[PDB]
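Chemist: Each chain, letter by letter, is given below.
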Amino acid sequence: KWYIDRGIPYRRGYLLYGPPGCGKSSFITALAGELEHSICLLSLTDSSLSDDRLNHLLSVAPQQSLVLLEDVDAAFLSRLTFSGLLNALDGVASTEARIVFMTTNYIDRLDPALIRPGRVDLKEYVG
Amino acid sequence: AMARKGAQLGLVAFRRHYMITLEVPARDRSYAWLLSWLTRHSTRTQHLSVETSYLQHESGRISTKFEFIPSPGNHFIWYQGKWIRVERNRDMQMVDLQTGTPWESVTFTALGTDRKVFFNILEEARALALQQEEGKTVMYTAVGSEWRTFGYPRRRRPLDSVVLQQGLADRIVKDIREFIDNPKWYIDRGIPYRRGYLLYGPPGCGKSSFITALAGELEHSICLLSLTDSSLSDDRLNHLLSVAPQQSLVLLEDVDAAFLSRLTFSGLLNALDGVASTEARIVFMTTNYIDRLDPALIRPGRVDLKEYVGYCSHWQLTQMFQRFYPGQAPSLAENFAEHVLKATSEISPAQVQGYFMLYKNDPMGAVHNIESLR
Amino acid sequence: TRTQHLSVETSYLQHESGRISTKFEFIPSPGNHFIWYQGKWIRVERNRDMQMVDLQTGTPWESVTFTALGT
Amino acid sequence: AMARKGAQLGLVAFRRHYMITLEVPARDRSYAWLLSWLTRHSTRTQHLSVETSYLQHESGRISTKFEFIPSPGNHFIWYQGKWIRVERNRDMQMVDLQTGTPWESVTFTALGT
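Protein chains in written order, with the UniProt record's numbering: chain G, 213 to 290, 306 to 354; chain U, 30 to 290, 306 to 418; chain Z, 72 to 142; chain C, 30 to 142.
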């Protein structure tokens, strides 16, 4: 109600960057189970999907389905795109309770534009 | 034998002259509505049965809702100045073929010659049954030459959530309503029942959001299309425009790219002028600017009146501040708007919305950080 | 107009985007009715037979009869 | 004829003013839940029937689980400060089209308001 009253899209994004072997995916699955919400994983580092395909699959995600993505460094360094993913994330076409999580090894290759309102809200680092 | 005949004649005369009744079969949807209404009206229903609505939502979500119905048999209800008998007879003879339930019906039985009581009860039951549902807007996409139900029904965005000008949105809504509710005027004069609107303005003005909001307020469906893509052709555009569903406003974007250049500039207007149309064919065209276009596009049988969306005004700024923050000092909002205008003149509503997101539940901090925005 | 005994039937249509269009109509209740038409009083019998169900539709057998004096 | 009318009026008044009841059809999913709950609550259910859940898991795994339900008829249960009659009537007239079972229902019958 707070979001719909102010006319803001009901979407959220989270970022988890940290050293490999920290069990970020396991923690994501555990929090999805505790919240009882469904999880949908995707590997954006693969070149099989395109920017438009990513936009469709992000928009056609089922209800209460947290969408998880990994390896932003490879795609952002380079189908392959760096601003296309954020453009698709900023698209108006969404679903009810659209929560996206992004797990990666490091934040060096990324930009502050990705961490913004309407995008990843607060940054958390696993130690 | 004489006693039986006399009793039969007396009973039939009594029913025909002094007695009123109404019947609702189980097949009719009014059965459940009337049962729920009678359950709600009478709190102390000692005899009752239970029915549960069980839904298996994804990931093993059990959602069970309990509801209570009057038990089959006889009940007495005190309504108005009357005592009404309610008979819920579940016939133990045969089973409905369509549903797979034994034959059932309900009867309301009352003394008098005032049928208006039954009409009022039925209208109240209809209103109670209808009030639970929430209106939704269904999104539609275009693939090849076919419109498809893309995604899921969308919650209707309130009109006040989007602010454009003092009365520009009001004028647009009034004109749309006037066109919609007067088809006789158009058909009498032998003119096609089509309309077009143009919204050109700087990006970030929320034109698409305003279109969705007005579609929700009008309760009409929306069908978006990106004509700037080369996937569709002129003939494909003509087919999809002509095959658009009823009461479906069709929205198009980025006229500049196609008109500058499948790709066509006069083909789109030729398709728009085509006789093949649908009932209440309303087209909206949103774009960044009007420079690349021609006055021929803004003509009768086409976009009727041109409206331009501007940047944030002092009234717009204070209205959006009030909408974001539920109740503060109006002087604070006025000072906020004045500071925003002093810092920037071409400020867009998207930037203000993002700034308010940055300072969620922080009115004073946002006010003091206007100079930071600069 | 003054049909004291009657039943109701609704036509419910689910138009696109969740449009509920319900229209209420009223029918004489099953049983006996008397109508004054022309110079005649005509009996109308709406008998809903509680024996069997129509296979094609899935409703109990029904019929209506108009009964009048004269040739 | 007067005795029958008086008895009918007395019975209908008794049911309407002093008596409470609840009905659950066999189609509703609450039927099995209530049957299992009444089986669990009353350990000494002398009259009962049995139903088995048989599952054929891969590689020829037979997994059969036995469950017990009150037998059709009349039962008496002592709950709270009340004695409640439970009537499980399996009607021998017609068969449900959706499932393929004879029409069944359960009724809880109690004194009070």
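Any given hint could be a false lead.
Pairs of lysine to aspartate or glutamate residues, derived as EDC-like cross-links and limited to a Cα-Cα distance of at most 20 Å, are as follows [claimed, not checked]:
hint : chain 1 : residue 1 : chain 2 : residue 2
1    : U       : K165      : Z       : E87
2    : G       : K236      : G       : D348
3    : U       : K165      : G       : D335
4    : C       : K34       : U       : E52
5    : U       : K145      : Z       : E116
6    : U       : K145      : Z       : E96
7    : U       : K203      : U       : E52
8    : G       : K350      : G       : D335
9    : Z       : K94       : U       : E162
10   : Z       : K94       : U       : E152
11   : Z       : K94       : U       : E351
12   : U       : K34       : Z       : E116
Hints are computed from structural coordinates only; laboratory data are not their basis.
Chemist: Does the structure keep U:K203 and U:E52 at a Cα separation of 20 Å or less?
Modeler: Roughly 44 Å between the alpha carbons, so the hint for U:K203 and U:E52 is violated.
Chemist: Check whether the Cα positions of U:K34 and Z:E116 lie no farther apart than 20 Å.
Modeler: holds (19 Å)
Chemist: For the pair we were handed, C:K34 and U:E52, check the Cα-Cα distance against 20 Å.
Modeler: violated (26 Å)
Chemist: Do the alpha carbons of U:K165 and G:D335 lie within 20 Å of each other, as the hint requires?
Modeler: Violated, at about 43 Å.
Chemist: Take a quick look at whether G:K350 and G:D335 sit within 20 Å of each other, Cα to Cα.
Modeler: Holds, at roughly 13 Å.
Chemist: Mind checking the alpha carbons of Z:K94 and U:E162 for me, to see if they're no more than 20 Å apart?
Modeler: holds (18 Å)
Chemist: Is Z:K94 close enough to U:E351, meaning Cα to Cα at most 20 Å?
Modeler: Answer violated: Z:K94 to U:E351 is near 40 Å, above 20 Å.
Chemist: Verify the proposed pairing of U:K145 with Z:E116, using a straight-line Cα cut of 20 Å.
Modeler: Between U:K145 and Z:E116 the Cα gap is close to 24 Å, so the pair fails against 20 Å, i.e. violated.
Chemist: What's the verdict on Z:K94 and U:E152, does the C-alpha distance respect the 20 Å limit or exceed it?
Modeler: With a Cα-Cα distance of about 11 Å, the restraint between Z:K94 and U:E152 holds, given a limit of 20 Å.
Chemist: Given the hinted pair U:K145 and Z:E96, is their Cα-Cα distance within 20 Å?
Modeler: Judged against 20 Å, a Cα distance of about 14 Å means the pair holds.
Chemist: Given the hint that U:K165 pairs with Z:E87, test it: the Cα-Cα distance must not exceed 20 Å.
Modeler: Holds, at about 10 Å.
Chemist: Assess, step by step, whether the Cα of G:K236 is no farther than 20 Å from the Cα of G:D348, and give holds or violated.
Modeler: holds (18 Å)
Of the numbered hints listed earlier, those contradicted by the structure are 3, 4, 5, 7, 11.
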